[PDB]
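K.L.:
Residue strings, one per chain:
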Amino acid sequence: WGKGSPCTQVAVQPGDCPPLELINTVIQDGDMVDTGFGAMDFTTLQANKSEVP
Amino acid sequence: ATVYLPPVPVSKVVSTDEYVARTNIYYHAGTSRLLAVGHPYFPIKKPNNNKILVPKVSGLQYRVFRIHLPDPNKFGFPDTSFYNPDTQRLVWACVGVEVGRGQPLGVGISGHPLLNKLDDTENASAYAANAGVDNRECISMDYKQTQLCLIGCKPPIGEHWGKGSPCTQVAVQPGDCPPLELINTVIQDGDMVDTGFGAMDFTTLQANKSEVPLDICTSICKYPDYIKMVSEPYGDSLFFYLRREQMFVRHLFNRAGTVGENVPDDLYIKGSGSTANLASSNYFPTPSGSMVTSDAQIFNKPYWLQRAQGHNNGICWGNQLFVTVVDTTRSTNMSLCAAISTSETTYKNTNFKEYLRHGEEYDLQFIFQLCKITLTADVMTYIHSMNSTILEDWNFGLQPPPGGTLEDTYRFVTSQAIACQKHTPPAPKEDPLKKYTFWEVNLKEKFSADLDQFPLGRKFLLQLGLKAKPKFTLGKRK
Numbered sequence: 195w196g197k198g199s200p201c202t203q204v205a206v207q208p209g210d211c212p213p214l215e216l217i218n219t220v221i222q223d224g225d226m227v228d229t230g231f232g233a234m235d236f237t238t239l240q241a242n243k244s245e246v247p
Numbered sequence: 035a036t037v038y039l040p041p042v043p044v045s046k047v048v049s050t051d052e053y054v055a056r057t058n059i060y061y062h063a064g065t066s067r068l069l070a071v072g073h074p075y076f077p078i079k080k081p082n083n084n085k086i087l088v089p090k091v092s093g094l095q096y097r098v099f100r101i102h103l104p105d106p107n108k109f110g111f112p113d114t115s116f117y118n119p120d121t122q123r124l125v126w127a128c129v130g131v132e133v134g135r136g137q138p139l140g141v142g143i144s145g146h147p148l149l150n151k152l153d154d155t156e157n158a159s160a161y162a163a164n165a166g167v168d169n170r171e172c173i174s175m176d177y178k179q180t181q182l183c184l185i186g187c188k189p190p191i192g193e194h195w196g197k198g199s200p201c202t203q204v205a206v207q208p209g210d211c212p213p214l215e216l217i218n219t220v221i222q223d224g225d226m227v228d229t230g231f232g233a234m235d236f237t238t239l240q241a242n243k244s245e246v247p248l249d250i251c252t253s254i255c256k257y258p259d260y261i262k263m264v265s266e267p268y269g270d271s272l273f274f275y276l277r278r279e280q281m282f283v284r285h286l287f288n289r290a291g292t293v294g295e296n297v298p299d300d301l302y303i304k305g306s307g308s309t310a311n312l313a314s315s316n317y318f319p320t321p322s323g324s325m326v327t328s329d330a331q332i333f334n335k336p337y338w339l340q341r342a343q344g345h346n347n348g349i350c351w352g353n354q355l356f357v358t359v360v361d362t363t364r365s366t367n368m369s370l371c372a373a374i375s376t377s378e379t380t381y382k383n384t385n386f387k388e389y390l391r392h393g394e395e396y397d398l399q400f401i402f403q404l405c406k407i408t409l410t411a412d413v414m415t416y417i418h419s420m421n422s423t424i425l426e427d428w429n430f431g432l433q434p435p436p437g438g439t440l441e442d443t444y445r446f447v448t449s450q451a452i453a454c455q456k457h458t459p460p461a462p463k464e465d466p467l468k469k470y471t472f473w474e475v476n477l478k479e480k481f482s483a484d485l486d487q488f489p490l491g492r493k494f495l496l497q498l499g500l501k502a503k504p505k506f507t508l509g510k511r512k
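Chains as they are written, first to last, in the UniProt record's numbering: chain A, 195 to 247; chain B, 35 to 512.
You may find that some hints are simply not true.
Stated by the list, open to error - Derived DEER-like restraints, expressed as beta-carbon distance ranges:
no., chain 1, residue 1, chain 2, residue 2, range
1, B, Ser324, A, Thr202, 34 to 40 Å
2, B, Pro200, A, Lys243, 17 to 23 Å
3, B, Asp329, A, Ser244, 29 to 35 Å
If you're looking for bench data, these hints aren't it; they were derived computationally from the structure. Virtual Cβ for every residue (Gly too), placed ideally from N, Cα, C.
Looking at chain A on its own, in the form it has when it is part of the complex:
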């Protein structure tokens, strides 16, 4: 699940949860397995970048 373009429903804004938009791409060598919050980028989605390891 990637970082999405802003929608009406959910937008990339403070006070508002970002949209999750599906990005399919080839499995890299050393790409991580799920967390238990699934498959997503966390680089961009987690602005604080201190929620997960």
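Put chain B on the given structure of chain A with help from the hints.
P.N.:
Okay, now just chain B, sitting in the frame of chain A:
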């Protein structure tokens, strides 16, 4: 005993496939991708408008897909060669289905910042309070791990507890327990699942109405009433089901709140203190669903629905499919936040403002074997009694009268007038099928014939035509 019945029946309600012959025509279909991405804990409405901003999408909610189908008569005929609208009429039998559910892991999860709890009663080192204030705390829980699936062809009826007639005769009223009356009514999409605290409305049954999570507070929770749905000798409310669920005791808690109902006082030796009184009794399990086991599932497996129970044995009636899925096992919840600024080195409630979403994936694939039903006049006689509107919709067994005259009276109220006429008042309302909330699924145009391009086609052949072409692969893969 004297002298009953002995029975005179004398007309008998029959099985619907003993004159039904199958056809080797196969149509395939399947959906593009079912996806809904919502909020798991609660719905979010817009703060300046009535409507939703993010709906509630959790796997602890009933996901009811209302599948509306045409008839084969209203659709393709390959070849005409034994088919006369006279001799027979054609009907869909969906002989294989795939329920797709491959997505990442997460859990269904609900919670309430005002969840009731007195003390812990799994084990306690002290004596609980007789009454007190503000004994409620932010606790969250899943309701239980719930997998179920059932497939039918008429809307499906759940049970729930409603607020019955408060008695003055049994003295069941508020200030004592409310009345409970078991009411069957149809389950919906976004209807709540059973909470491990009974499947019941908690809107009028809970007068505190902050005892439990808010999502169930406003909604009716239902349990699929299996025993009534298979009691029906037609068997079209459902004709397949299975389930898997897990609930163990995470810990006993006691609900704060003391009863205003009698307690016998010969059941304990009075003490001294307030131990010459009994404290709160209203103990509850807290549900558990800790261990996810994604090795075992009732999903990602086709459902080969070649026949049905009841008088029905693989004929869609009403030309409908109702499929109810609850799945809490792989239902991903995701975590992210939006920053107010990354310059601020805090991590306040109004800085990086945390959030959680839920992403829910399903997919439905079909394969439909064609069938025909031979109609003789006596067969028609039963089918009209079963539901005349089958014969109407096909438009054979309806040829005429009725009626269709008379009269228009007049002559003349032109001039005058009585008043004037008027004509003619045409709704409310069709449809009776859609009078309840559902994930609307139109299927009337996705019909195919391919079986080597869908993976669902290939697995179907592996059972059937034999064919596939298989291994697959095997031998040995562990």
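K.L.:
All the hints need checking, so say for each whether the structure fits it.
P.N.:
Hints and how they fare:
| no. | hint | result |
| --- | --- | --- |
| 1 | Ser324(B) with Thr202(A): 34 to 40 Å | holds (37 Å) |
| 2 | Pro200(B) with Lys243(A): 17 to 23 Å | violated (56 Å) |
| 3 | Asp329(B) with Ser244(A): 29 to 35 Å | holds (33 Å) |
Consistency note: the structure conflicts with earlier hint 2 alone.
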